[PDB]
Amino acid sequence: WXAXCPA
Amino acid sequence: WXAXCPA
Amino acid sequence: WXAXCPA
Amino acid sequence: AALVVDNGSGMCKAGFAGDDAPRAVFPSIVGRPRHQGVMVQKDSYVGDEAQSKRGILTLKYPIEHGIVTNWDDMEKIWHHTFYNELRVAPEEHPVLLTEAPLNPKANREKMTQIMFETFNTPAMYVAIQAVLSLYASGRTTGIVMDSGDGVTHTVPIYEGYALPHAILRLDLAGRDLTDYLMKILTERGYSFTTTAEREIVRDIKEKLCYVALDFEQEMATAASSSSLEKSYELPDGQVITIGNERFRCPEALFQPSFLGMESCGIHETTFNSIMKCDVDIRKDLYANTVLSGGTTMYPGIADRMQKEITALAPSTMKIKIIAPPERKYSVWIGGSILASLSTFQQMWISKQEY
Amino acid sequence: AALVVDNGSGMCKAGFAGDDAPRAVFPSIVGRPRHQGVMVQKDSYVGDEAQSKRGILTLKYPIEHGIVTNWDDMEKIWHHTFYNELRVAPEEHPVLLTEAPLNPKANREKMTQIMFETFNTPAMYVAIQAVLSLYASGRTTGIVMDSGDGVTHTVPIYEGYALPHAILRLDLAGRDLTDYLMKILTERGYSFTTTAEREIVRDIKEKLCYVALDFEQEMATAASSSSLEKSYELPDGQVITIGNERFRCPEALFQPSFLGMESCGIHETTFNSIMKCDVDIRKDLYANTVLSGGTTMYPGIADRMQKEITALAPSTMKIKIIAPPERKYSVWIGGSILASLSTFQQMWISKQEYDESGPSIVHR
Amino acid sequence: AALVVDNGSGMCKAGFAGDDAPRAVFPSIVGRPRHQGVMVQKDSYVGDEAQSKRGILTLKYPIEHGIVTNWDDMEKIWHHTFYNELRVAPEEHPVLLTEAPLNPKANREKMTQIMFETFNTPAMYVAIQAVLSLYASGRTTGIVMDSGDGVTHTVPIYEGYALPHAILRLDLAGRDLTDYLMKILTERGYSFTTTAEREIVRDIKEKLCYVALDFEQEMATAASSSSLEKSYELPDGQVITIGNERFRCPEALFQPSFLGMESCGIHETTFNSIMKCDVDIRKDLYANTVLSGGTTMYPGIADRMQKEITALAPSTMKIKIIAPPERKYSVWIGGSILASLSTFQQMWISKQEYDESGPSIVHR
Amino acid sequence: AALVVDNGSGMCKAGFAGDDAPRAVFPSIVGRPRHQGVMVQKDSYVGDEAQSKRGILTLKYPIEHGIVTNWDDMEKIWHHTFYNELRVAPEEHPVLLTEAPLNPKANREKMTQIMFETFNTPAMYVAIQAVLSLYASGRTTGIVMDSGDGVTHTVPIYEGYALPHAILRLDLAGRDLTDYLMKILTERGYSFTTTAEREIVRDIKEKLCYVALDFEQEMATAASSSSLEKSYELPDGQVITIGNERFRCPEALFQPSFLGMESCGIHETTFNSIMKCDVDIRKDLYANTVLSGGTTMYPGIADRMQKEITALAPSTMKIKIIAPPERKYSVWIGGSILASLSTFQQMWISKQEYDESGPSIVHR
Ligand SMILES: Nc1ncnc2c1ncn2[C@@H]1O[C@H](COP(=O)(O)OP(=O)(O)O)[C@@H](O)[C@H]1O
Ligand SMILES: Nc1ncnc2c1ncn2[C@@H]1O[C@H](COP(=O)(O)OP(=O)(O)O)[C@@H](O)[C@H]1O
Ligand SMILES: Nc1ncnc2c1ncn2[C@@H]1O[C@H](COP(=O)(O)OP(=O)(O)O)[C@@H](O)[C@H]1O
Ligand SMILES: Nc1ncnc2c1ncn2[C@@H]1O[C@H](COP(=O)(O)OP(=O)(O)O)[C@@H](O)[C@H]1O
Ligand SMILES: [Mg+2]
Ligand SMILES: [Mg+2]
Ligand SMILES: [Mg+2]
Ligand SMILES: [Mg+2]
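Chains H, J, I, D, C, B and A are the protein sequences, given in the same order.
Numbered by the authors' numbering, the letters in the first sequence go through residues 1 to 7 in order.
Numbered by the authors' numbering, the letters in the second sequence go through residues 1 to 7 in order.
Numbered by the authors' numbering, the letters in the third sequence go through residues 1 to 7 in order.
Numbered by the authors' numbering, the letters in the fourth sequence go through residues 6 to 45, 49 to 362 in order.
Numbered by the authors' numbering, the letters in the fifth sequence go through residues 6 to 45, 49 to 372 in order.
Numbered by the authors' numbering, the letters in the sixth sequence go through residues 6 to 45, 49 to 372 in order.
Numbered by the authors' numbering, the letters in the seventh sequence go through residues 6 to 45, 49 to 372 in order.
This is chain H alone, in the form it adopts within the complex:
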């Protein structure tokens, strides 16, 4: 992802 998580 962008914000939260990595992806």
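Hint data in this document are derived by calculation from the structure and do not stem from the laboratory.
Please note that a few of the clues may not be correct.
[Unchecked claim] Selected chain C positions facing chain B (in silico; Cβ < 8 angstroms):
(1) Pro38
(2) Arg39
(3) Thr66
(4) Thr194
(5) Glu195
(6) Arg196
(7) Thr201
(8) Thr202
(9) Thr203
(10) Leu267
(11) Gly268
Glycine is no exception: its CB is placed at the ideal position from the N, C-alpha and C atoms.
Mind docking chains J, I, D, C, B and A with the ligands on chain H? Use the hints.
Coordinates of chains J, I, D, C, B and A with the ligands only, in the frame set by chain H:
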């Protein structure tokens, strides 16, 4: 209805 | 709630 | 001076003797709240105060149709009349009361003790409403078409005295027309059923209803042309239109068969009442027909009464429907004249005689 | 044979006037999906088909208080009644309909136009619902106290033909009781808000609600023990127990102040309606009080009605509450008899007379 | 000095009678650690203390949809409110509580039990939140729409006499919008899933979200330019930008179909509540609409509410929306006035009245 | 025959429409050497070629949690899967894609741009992985718990209309289990660390570990004897023995607190999806649970799910877990059915439609 109640 | 919703 | 208090069914009028118009004219409704109160309380609202908050009240008329239902509610309105609307105490000055024609003395006896004990008025005089209607018209002879909100009385009085045998009572009044109006208002889709909505229908009746000279001719005009349609604005902002209900509700007075009553109309009842008196005075009564009460304010009713009675009456008789513009307050206006008389002191029912 | 289509506020019944039970009985609801279709169904479902799939539909009632509020929707139910349930073409057989009394003129007028234009029925007739109920009971003089979902009308009838000046209509019926039940069902913690959840409440009302003989002593009895609590199983599987709410909902029929309405209860309304008749007729009407409609199917409502009317009525004269076991379809059965009755066959409003006059000819 | 503690779904406000603002306001959350401890504090953190250490705790809301779902956690908040925030003894001063309308009968029933056996308060009153909101404005007539954190309800009041049959309750409030905002935030790539991350979303909602006057026009505007995009900084230093989601999350209030709920919008609910009221009092309700609660603080919601009702309401009527700047604490401010009223001292539920009868006295 | 390419986090399946099994299946990894070639091949190896020589390459997963984190490697896999696996030019056959629900809009937007520009496919469609899995089962109502390598999503579907408000997505899948398994494998001394050594751990996961019926008794059983201990042979010839770790790594699916994630287990998530649905449709969803994806291939996961849901679900309810043997390729099989369905042949996205509007056409 029209005047009074809903219908 | 008990029946319907969660609470 | 004296208080001309007219405890009429529906509109009740109060004022001082020697005046031209009643000072206080407020509805005779004792409303009570039906929904509970969560925040602030005036357990009972009486008169104009109840009308303003009529949305959350159960408006109960203490007088059904001449037959007083609650005698406790009547004292509440009389208490409201003196202390609130007039802000005067009947202790100093006598009061004058108006009486519906041909009523059981049981109604009168209870009325006598209330003024004399609950209010302690020095003097009081009970007078027939129909008799006082002609007094305000300036003539002591003739027939009075007393048609109020409750009960229509046809009293052809003579020399200022009502004829007990010639009085004919027709249970066809403004309230019955009001019920009939909302009964036929449901045809167009407008449904007024609760007591609060009843007052709304009455305002429509007083502002839009009128008597048609020819019922059959107007039906063709109403169906062919919607010119008779008129718009009225509800308190909530809604707009409604009535096409033929304007002259179908007042037409119930002349044709009671609309409401299932076997009795004849006011025009026929007026003709019947005249014949019950002696022949020698019949010509005098035909000329002097004075309408009274708020029911007879539908425009064109004098012309309709003139046309209907003329056909019923013989051609030799002459018909003159005297319709003063102040017929609603004539009962009160006549009472002011009677109380202002210097000779009125003789028949006062003083405290000693009680 | 003539169709007898008795469209009701909640449930509509269609038959053939040659039977004692309607051929097709389905709820008068049309539901439309409230979600998108990713499984690449019809645009809308009508009747019992919508009931089965009511979870994914927003159920809408085309009739509210005996007034057709959505004419486009009602043009579908009749299309569904003739072509899907009865499976008979209206163009060959006449159609009988029932309308509640004291209805707006435009409601029945538009009914005549649709059937004579969209369906092209050879003949049509609109009959008062209460009058049909009396013929089902084999009586010609009685005050029919009919109660459904939108209309609770008491029409006194004397030697037939009814009395128009004494017809009383009250807008408190089964649908209000359903809505009142969910308002008081939140008392115990059960929340039924959506339209789909409303039908579950209706099943609870039909199976567990009953009329108490005395409300005051029943309130105390339910508050001191648990013998009045009954368990109902939801479609999800949760078990819910309702106590005093079993008889509180039907009590709104006799005490409309619970819903905040100034109108008198059905027990007093029937008493008031009789008083509007002539003195001699009041002897016959009291002894021939006939209930009808599905609302009057509560256990013990007839006994409660007798007790309430007796107190209001004079003690010198008797009260007889007639409660036929088939009163749910009483309106349709009378229509079946009337359509098979020889007299009514001359009352068919034919197509040819319709075009010369228009839809306004139905009012008679 | 009567205590006025208003427990809400998101934040509970406590203070004193006679004041104008709450003394202590903190989120109504009880959180406990999930990761195992290593270095040698407390078992549970309640209030703003949980906010500071929200990165490690599992935040749980003891109140959901206006119903206390965990009485163990609820007792801690009250214990923390009295002995840590107000720092007063409840045994000497009465406590005024607020509850949502149409709540389960057992909800506040346990509330009476707790304050009468665990805290031994001398007296306690329970009042509807919407009723107290009208007190703060000083009005005596108007439809109070209280959109809180868990429950949104409209309770019309006319001259003090409330109308229970016109009370409409919606289970759509700020918490549902917070859950919806993080659902649509994943469209741009931001994923908030933990309950700790929910507070981050809630902070985003309270700062950048607003109600668009014309949703259809604004949607095209946001897709044709970049004027509506705003930048927000996460607690870890990350900078994120949100575009059309600013007016999409608050739009769910007016169009609950976004959440999949069949209930009507807040504009329809307010209009529908007025329709249930009588015709005479409708005039005094259109010009006296009162808003309250934190959810109704979106910039431009008052203007939007004016426009939406105007289309539904008759054109003759003049609709005036009252949006006081302090409507967040309108429930408490009105509650403070009630506790200080001289006439209100007779309606306190005394300790003697409770133990002699039981919790049955409440619900009166 | 329209191409049906399903790009997964761990493994991607590509084939042809109308067939029953994928034509070519290879792991979705792109690897490059971390050393220099002194001896006198290719810069990057993708697919099964990387797995064979994985001792030198650095395997990188282009897909993480169902989101394309590296579009350079995505172009390599698609270029390889068309010209080296299927041996078909993509300029003549339309291509169908599967994407996880609640994904960023940019993820499926750039998927649209690549094939319309780089491969110039005549048309293409993107469908939800869970929706396609129901097609393979031949059913039309059920909750598809699709657990893969990067994402785990449950999408309830009832009679065609899928509920978007009840769709739950979890970042708990096979790759998290693989990372967890190598973390607990260090307790026995085995220290698989490198990304090339991770694939060895996955092979252990795909052969030995299983889901226990109950966790508590198995912990005592494995710690009291050696019956559950199993031997595995490493590629270099070393032999390792793993005991209680067999039922600990898959246990993280039902107890995500082991990995530090606060999200509920797969049994609670699939139960929470049912509750968000309406009460009416819960009956047909309890008995039609469908499992899919490679994560749901553990021996005994179906029995464990049935036991866990039964405790949460009402006792009277009948819970049935459907676990077809081919559920590893369930998503692709459903996709092959869609591309052959006649009605779907018009739902594709034409090249002309893309040109006039742009990448935004895909979101509808
Ligand atoms: N201008 C009017 N047009 C039609 N009806 C009226 C008019 N004025 C009054 N009324 C009705 O006539 C009824 C009789 O009122 P009134 O004569 O003042 O009292 P009472 O009935 O006691 O004599 C009232 O109920 C009122 O609704
Ligand atoms: N056995 C019963 N017990 C309680 N309520 C019932 C029962 N049967 C029907 N009802 C209610 O009475 C209502 C009346 O329906 P019905 O009389 O069949 O048609 P209509 O819609 O014409 O009234 C129904 O909506 C139903 O909810
Ligand atoms: N300025 C604001 N903008 C947007 N949302 C707000 C604002 N202030 C409060 N809210 C939201 O409104 C909700 C209701 O909070 P509040 O009304 O203060 O107490 P209660 O919990 O009693 O409703 C809160 O959960 C909060 O997220
Ligand atoms: N029989 C099995 N036992 C244990 N794990 C498995 C098994 N089959 C597949 N898996 C795991 O499930 C994950 C997901 O693979 P799969 O569902 O085939 O494709 P996708 O990557 O699209 O989910 C793989 O990474 C694999 O490690
Ligand atoms: Mg008079
Ligand atoms: Mg019926
Ligand atoms: Mg609040
Ligand atoms: Mg997959």
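Going through the hints against the structure:
At its closest, the beta carbon of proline 38(C) sits 12 angstroms from a beta carbon of chain B; the interface hint therefore is violated under the 8 angstroms criterion. At a threshold of 8 angstroms, the smallest CB-CB gap from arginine 39(C) to chain B is about 7 angstroms, leaving the interface hint in force. Nearest Cβ of chain B to the Cβ of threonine 66(C): about 6 angstroms, under the 8 angstroms cut. The hint holds. Because the beta carbon of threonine 194(C) sits about 5 angstroms from the nearest beta carbon in chain B, less than 8 angstroms, this interface hint is met.
The interface hint given for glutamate 195(C) is met, as the beta carbon of that residue sits about 5 angstroms from the closest beta carbon of chain B, less than 8 angstroms. The criterion of a C-beta within 8 angstroms of any C-beta in chain B is met by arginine 196(C), whose closest approach is roughly 7 angstroms, and the hint holds. Hint status for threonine 201(C): holds, given a least beta-carbon distance of 6 angstroms to chain B, under 8 angstroms. Checking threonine 202(C) against chain B: minimum C-beta separation of about 4 angstroms stays under 8 angstroms; hint holds.
With 8 angstroms as the threshold, the beta carbon of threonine 203(C) comes within range of chain B, its nearest partner Cβ sitting at about 6 angstroms, so the hint holds. Taking 8 angstroms as the C-beta cut-off, the interface hint given for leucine 267(C) holds, the closest approach to chain B being about 6 angstroms. Here the hint on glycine 268(C) is kept, as its CB sits about 4 angstroms from the closest CB of chain B, short of 8 angstroms.
In summary, the one numbered hint that this structure violates is 1.
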